[PDB]
Amino acid sequence: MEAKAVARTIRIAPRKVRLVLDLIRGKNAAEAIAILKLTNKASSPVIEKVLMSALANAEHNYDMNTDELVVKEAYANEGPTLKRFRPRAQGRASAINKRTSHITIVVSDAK
Amino acid sequence: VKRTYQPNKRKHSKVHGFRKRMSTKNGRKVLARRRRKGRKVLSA
Amino acid sequence: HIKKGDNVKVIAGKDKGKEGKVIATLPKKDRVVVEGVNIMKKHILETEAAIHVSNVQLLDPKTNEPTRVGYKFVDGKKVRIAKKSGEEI
Amino acid sequence: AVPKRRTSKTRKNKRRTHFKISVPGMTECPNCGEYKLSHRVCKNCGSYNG
RNA sequence: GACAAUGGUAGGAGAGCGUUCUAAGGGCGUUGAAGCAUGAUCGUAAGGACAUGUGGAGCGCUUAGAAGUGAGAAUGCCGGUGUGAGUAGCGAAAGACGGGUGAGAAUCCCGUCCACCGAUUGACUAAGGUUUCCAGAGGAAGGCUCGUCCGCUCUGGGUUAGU
RNA sequence: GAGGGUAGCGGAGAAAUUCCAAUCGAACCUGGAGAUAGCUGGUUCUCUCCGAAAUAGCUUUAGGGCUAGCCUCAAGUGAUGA
RNA sequence: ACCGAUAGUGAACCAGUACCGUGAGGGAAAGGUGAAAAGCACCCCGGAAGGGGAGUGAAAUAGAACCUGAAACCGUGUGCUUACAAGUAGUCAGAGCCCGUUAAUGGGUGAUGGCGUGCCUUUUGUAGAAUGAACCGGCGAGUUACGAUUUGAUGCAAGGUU
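Chains as they are written, first to last, in the deposited numbering: chain E, 1 to 111; chain P, 2 to 45; chain G, 2 to 44, 56 to 101; chain N, 2 to 51.
Just so you know, the hints here were simulated from the structure itself, not pulled from any lab data. The reader is advised that the hints may include incorrect statements.
Simulated restraints on C-beta separations [claimed, not checked]: (1) 110(E) <-> 2(N): 25 to 35 Å; (2) 19(E) <-> 14(G): 40 to 50 Å; (3) 36(P) <-> 32(G): 22 to 32 Å.
Here chain N is said to cover these stretches of chain E; the calculated rule only asks that three of the stretch's residues, wherever they fall, bring their Cβ under 8 Å from a Cβ of chain N [to be verified]: (4) 34-45; (5) 70-84.
Partial list, computed: chain N residues near chain E (C-beta under 8 Å) [to be verified]: (6) 3; (7) 7; (8) 24; (9) 25.
C-beta: ideal position from N, C-alpha, C; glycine also.
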């Protein structure tokens, strides 16, 4: 079986989250948890909470053992941006996109 | 750098106020033209 | 209209064929609450819900049949009478 | 200067080939049982014992 | 059935496809309308069908009628989304440690040491703003980072004249 | 500093065509007004038949126009065509 | 034989309003759950946001960022191919490898060989280093009234007709 967990409209640009999602995709579960704990990136705690959620749905929602699961999928999609501005020299004003993201994680026991 | 707008209450109400517009004849026309449009501020 | 305290029969819906008493009436939208009709379950308690007054028909006091209602003037006032029979209802 | 011409998503995806991070370089602490960074202290309940 | 002819701009002539609406006739539809996605189908072209998924109530066919009738290009208007690219910048300047609080602390609170202005970055008032002032809570957005904090959000308060 | 004045066919100027709300060889707004433009740009579906001109004359005319010349459709004449 | 939310009033919404200007004055953009709120009791991860269930419902990729949900753009997995090669990026020929359709001289990929300097506008002549366009979607240009003339149709006819 597979369990899944999502986090929607996380306020971090998607191509900043895809950098650290690529380190834990494929690894074991207890290894990916330590990887997310010991990395400098600002998006580490968010992915760690989403991963722990998908590891907790497995124990209760569909009974299975949490010492066998592997991160079968982990990806980040776009979400609605925010449109802000920055007033520059000589009257001009430039745009600012505050990107968001949707982080999905699917953990499977290989069965 | 001194800019073009220095706010001041007396000058604002003494040039663009209701009484100033209701005083002359082309100010009554400005009010009669702003009332027709539906503007919520006739003079200030 | 259909005033409450009246025994009606449900002509349409998924309760059709039943019959109960009119409890409440919302005549700004033509809704009436019947007893035992349109039982809804809300988050879990179970109640009745309104049904459009176009759907319930009054029962003849004579033959227990759904009919229409007309009005007559027996005196200086109005009286409701069934369409099949002619008795006040 | 300004780009003379738009960048394909082939050229962009090639140039982002080496833009990544690496695994934190971690060991397993032989007191905490848990994982830790080599030459650092055990961030879990524990010490260094070096 | 025999013979010939068939490159083409500007432009001239003919025959046609498709779109929205109307009249009359004949139909389909919750046993699933239009739309929309796919397919390895048909026609000389414009274009026409059929099957599957979805969707959730309308829509084709025939013959005529009437037009806001078919768009790749106007430094075209409006909306969305990219590339440059994790690139330039992050707005004049001295902070260091200790102890707290907290899910989370270089950035918030308290403390000691150090540093800056001191004819001023100190004190008081006229314009001008017009509730931004205080206490208790908050952390979505604003703050060029963080934030447990604030001139920001919520809830209650605060302006006292015979001179 | 405060309170006032001078208004666009106008005002102020120790004068520089300076300055009159980041605008001045004549402000800004609304209307005449879809001013006009012999100039540049553009023009939204297919197939079938034919298929040029870049020349003469006149022109306040010369990158515009009008008539003739060269193209096309229909009716007629009819051997006048080459 | 009027429009149907880029249309129809500038305004189907609490619009002549946010706003913007010293002022006179200028001016948007914003529609849709379901038949009925029955608008998710309760359990679990999390500080909350947000999920995963289980329930309401005919439907929850109907959960108030609510009908449908497309293109540009951003990703995840995979079938064939690619690190000695000079590429308007296709077309024609053609091994190998993987599949199996509206069933028909089948679909996908492409080792290698031949041929091949985009589109529009403006020009005697542009691959042109002459112009325009970042891409996608919607909007967008020979029309109506009244007269004149020529052609096809129809009715009467030394008459035709208001």
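Is it true that the C-beta distance of residue 36(P) to residue 32(G) lies inside 22 to 32 Å, as the hint says? 46 Å, violated
With respect to the beta-carbon atoms only, verify the hint that residue 110(E) and residue 2(N) lie 25 to 35 Å apart. Once the Cβ atoms are compared, 54 Å apart, the range 25 to 35 Å for residue 2(N) and residue 110(E) is violated.
A closest beta-carbon separation below 8 Å is what the hint needs, so does residue 3(N) meet it against chain E? Violated, about 16 Å.
Agreement of hint residue 7(N) with chain E interface, Cβ distance less than 8 Å: 19 Å, violated
Minimum Cβ distance from residue 25(N) to chain E below 8 Å? Status holds, d = 4 Å.
Range first: 40 to 50 Å. Now tell me if the beta carbons of residue 19(E) and residue 14(G) are that far apart. Hint violated: Cβ distance 58 Å, outside 40 to 50 Å.
Counting residues of the region 34-45 of chain E that have a beta-carbon nearer than 8 Å to any beta-carbon of chain N, does the count reach 3? holds (count 6)
Quick check on the hint: residue 24(N) CB to chain E CB, less than 8 Å? 6 Å, holds
Taking a Cβ-Cβ distance under 8 Å as contact, does the region 70-84 of chain E have three or more residues in contact with chain N? The restraint on the region 70-84 of chain E is violated, since only 0 of its residues have a Cβ under 8 Å from chain N and three are required.
Checked against the numbered hints above, the structure breaks hints 1, 2, 3, 5, 6, 7 and satisfies the rest.
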